[PDB]
Amino acid sequence: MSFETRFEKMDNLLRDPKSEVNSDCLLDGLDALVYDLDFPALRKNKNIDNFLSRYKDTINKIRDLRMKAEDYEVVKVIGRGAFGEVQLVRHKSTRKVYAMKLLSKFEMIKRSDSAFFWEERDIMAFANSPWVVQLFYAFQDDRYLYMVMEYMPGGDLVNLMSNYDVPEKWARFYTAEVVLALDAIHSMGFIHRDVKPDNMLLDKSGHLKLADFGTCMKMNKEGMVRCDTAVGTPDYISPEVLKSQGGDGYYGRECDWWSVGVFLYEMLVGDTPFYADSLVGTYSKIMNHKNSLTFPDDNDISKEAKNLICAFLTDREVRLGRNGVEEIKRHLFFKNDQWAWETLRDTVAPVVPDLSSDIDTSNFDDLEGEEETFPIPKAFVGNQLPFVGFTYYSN
Amino acid sequence: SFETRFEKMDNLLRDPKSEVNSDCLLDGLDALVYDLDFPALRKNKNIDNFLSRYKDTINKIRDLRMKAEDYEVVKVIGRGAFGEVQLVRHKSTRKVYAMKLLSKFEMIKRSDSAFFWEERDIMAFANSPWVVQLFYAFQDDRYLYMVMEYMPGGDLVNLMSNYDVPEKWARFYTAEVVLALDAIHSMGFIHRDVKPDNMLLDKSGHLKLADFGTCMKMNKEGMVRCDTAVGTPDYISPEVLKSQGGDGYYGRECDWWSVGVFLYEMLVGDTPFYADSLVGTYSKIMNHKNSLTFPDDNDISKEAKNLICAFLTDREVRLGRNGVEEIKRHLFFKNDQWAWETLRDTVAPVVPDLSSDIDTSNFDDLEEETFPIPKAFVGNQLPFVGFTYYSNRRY
Ligand SMILES: CS(=O)(=O)Nc1cccc(CC(=O)Nc2nc(-c3c[nH]c4ncccc34)cs2)c1
Ligand SMILES: CS(=O)(=O)Nc1cccc(CC(=O)Nc2nc(-c3c[nH]c4ncccc34)cs2)c1
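Chains A and B, in that order, give the protein sequences.
Heads up: the first sequence is residues 1 to 395, going by our numbering.
Heads up: the second sequence is residues 1001 to 1395, going by our numbering.
In case anyone wonders, no lab produced these hints; they're calculated from the structure.
One or more hints might be untrue.
Heads up, simulated PhoX-like pairs for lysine-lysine below, C-alpha to C-alpha not over 20 Å straight-line [unchecked claim]: (1) A:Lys110 to B:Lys1045; (2) B:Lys1045 to A:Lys378; (3) B:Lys1375 to A:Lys44; (4) B:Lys1008 to A:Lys378; (5) A:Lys9 to B:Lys1055; (6) B:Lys1055 to A:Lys18; (7) A:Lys56 to B:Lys1008; (8) B:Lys1375 to A:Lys378; (9) B:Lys1043 to A:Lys68; (10) A:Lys110 to B:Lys1043.
Examples of chain A residues lying across from chain B (beta carbon under 10 Å, computed) [unchecked claim]: (11) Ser23; (12) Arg90; (13) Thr94; (14) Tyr98.
Think of the CB as a built atom: it goes at the ideal place given N, C-alpha and C, for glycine as much as any other residue.
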């Protein structure tokens, strides 16, 4: 409350990589102001014109120095999606190899939803868990948002499952790491919402990390979230998150445990338990899990694996994990000899990636519409404002 | 090269002279919030959501950063067209200052200057005992503030109004003006408005120049190119007076004209080109050759009369056309009580006898207008982004 304390408090607020007003967010704010005002229509205003004239030389210097997309050499497009694409890239100067998620600022504004990336940035940047893919640098430009993360050369669980008939001992491993990776996110106060094999990545050692925190939400004072959002491909989604079509309720971290059952069922049975041709067909079967969940006759599935799946594929009220992680960990399906929960990431993985080089992309299938841009505004529309403060740098 | 790019950018945020230091960056965000926060503009989701997101933060910033509520006003010790000066005390530090306020509204409603920028730099970076020092500069949606050192000795106007100034005192006050003007010139500026109103006295009784509002930096030829007259009617020089569009190319000799006007006033008691009407004063300045006369004042010496006439002549033969040393060498300054190089260390003619730290005896006492709510983005706070002198300052 003293004068110096007020100065120091403000000075450290500019240095904090978690602050809303650090030098990177502050710069982002100016960079946006220049992007959204520089139009002939708006420049007819002297306040606007003189401002833009004054900061021209400077804003350009900043633009050149600050991290830019041209500082990375793209090696392969190792992933795609609605709004963006992931790409194996190499930093031209440092020579370091990374995975970079691009997100079109145009599309996110056209199709709304432009707040999902906020939890994706914070989780990866501040998590500090060997269970979460790490964000090194987040930066933007008039067209996209960029996330420079650690490259996972082992591929995703989708690829693994597609190449092996997963034995129970491997499934017990991959599930345990998911239980731990999920518990970490929960410990950070987040619900993943869409846990699936596509989001389970393998490091050089063959150990798991969760990725694609796009669907994440921060839990309230009672460890709960609420949404009016529509979810695509409901295969891994829980009956609660589906009954939430319009904010028609709340749900806790037990929604992530449902998806784990779906992941265990898939690795051992070979298919998703509620699969149907149409999306509406999948939804109907999830709602009717009581009667739709069935197992095949080839009892290549143990008594305890069948039990864990059914303990996870039940209504929230009696779902395993409603009373915390320790009741999942204590399950007989996890009873083994090879590992101990507290040292599982130090154990030797079932599948160890044998890799050719630093840029080995063998586990990632290669990838093959023109760029749509924001129109010239007649008035101030401030298209850049929803992304002010996205820029992150690690020291 | 990398790292050099980081360092270059880091030093750009620290520099108190940079366009993108923390002060300017913080000002930019503070402006964006002030300017967008209107019900009309908030109808735009990009704007509304941005504001909603940065509400908590912007308010924290506003509370920590220097604000007008931090100072307890003691007396309005001065007024002007756009602002007012006020003796104030910092509520926290207990420190006593003089604060110049400038209505952001009045300025925007036809200013034709942006004078406040050089007034800021001269006072902040001058580092002369001849220039009033700026400690902090800050703003808000309504005003610009300059927190400077309080001059308790009053101005020369007050002194002249209370004493029949003897020649020995006039020789002192002139010499200090010659030195304080030379310092501004050495910084590459022409004061353009030298008058007793801008001569202030410190606790010791020594001079400092103030009100650098009319200042302008000289070109590499030591000249200024103004299409319009600047300064005060009595003290304006014939060349700064005539100063047309195509013409108006004057040097630092315009400050020497005003010194003659100051010397004449202290010894004679009136301004030399004084006339009833203001238009009468103009006519007499132009016709200085015939209008400058002295009364039957036996008390004005031969050398005082000569200095005045050496200063009250056409620029082409004005004393000081060949530098300060020809003014300093003048016989009027010949004395056995001080030496030019040690004059500020000598004992003043009038030493202020002051009651306390807040003694306002030398200052006589003096006893709404605002921007309309905009329907569209008008950006009224943009011309003042970067005014603040607080976070990145020169210590
Ligand atoms: C659905 S959308 O259109 O809203 N967004 C969107 C667009 C394109 C792709 C995706 C998937 C996705 O999230 N991919 C991710 N990949 C990593 C990663 C980190 N390291 C690695 N190493 C190898 C390989 C991938 C990684 C993290 S999240 C999402
Ligand atoms: C005409 S305008 O509206 O464009 N500008 C404007 C508005 C208000 C006042 C004035 C005069 C003025 O400039 N006064 C100044 N006072 C100090 C100072 C510094 N220290 C001190 N101590 C005691 C007493 C005054 C000081 C510096 S400049 C000019």
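For each hint, the structure was consulted:
Of the supplied pair hints, the one linking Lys110 (chain A) and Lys1045 (chain B) holds, its CA atoms being roughly 12 Å apart against a limit of 20 Å. The suggested pairing of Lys1045 (chain B) with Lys378 (chain A) holds, with an alpha-carbon distance near 17 Å, which does not exceed 20 Å. Distance restraint check for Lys1375 (chain B) and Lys44 (chain A): the Cα-Cα separation of roughly 16 Å lies within the 20 Å cut-off, and the hinted pair is therefore satisfied. As the CA atoms of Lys1008 (chain B) and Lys378 (chain A) are separated by approximately 36 Å, the hinted pair breaks the 20 Å bound.
A hinted pair counts as satisfied when its Cα atoms are at most 20 Å apart, and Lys9 (chain A) with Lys1055 (chain B) qualifies at roughly 18 Å. Pair hint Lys1055 (chain B) plus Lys18 (chain A) holds up; C-alpha atoms about 17 Å apart against a cutoff of 20 Å. In summary, the hint linking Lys56 (chain A) to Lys1008 (chain B) is supported, as the alpha carbons are separated by about 18 Å, within the 20 Å threshold. At roughly 15 Å between alpha-carbon atoms, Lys1375 (chain B) and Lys378 (chain A) fall within 20 Å of each other, so this suggested pair holds.
Using a Cα cut-off of 20 Å, the hinted pair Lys1043 (chain B) and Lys68 (chain A) is violated, with the two alpha carbons roughly 33 Å apart. Distance restraint check for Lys110 (chain A) and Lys1043 (chain B): the Cα-Cα separation of roughly 17 Å lies within the 20 Å cut-off, and the hinted pair is therefore satisfied. For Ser23 (chain A), the interface hint holds, since its Cβ comes within 10 Å of a Cβ in chain B; the closest pair sits about 5 Å apart. Nearest Cβ of chain B to the Cβ of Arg90 (chain A): about 13 Å, over the 10 Å cut. The hint is violated.
The criterion of a C-beta within 10 Å of any C-beta in chain B is met by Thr94 (chain A), whose closest approach is roughly 7 Å, and the hint holds. Because the beta carbon of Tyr98 (chain A) sits about 14 Å from the nearest beta carbon in chain B, more than 10 Å, this interface hint is broken.
When the structure is compared with the earlier hints, violations turn up for hints 4, 9, 12 and 14 and for no others.
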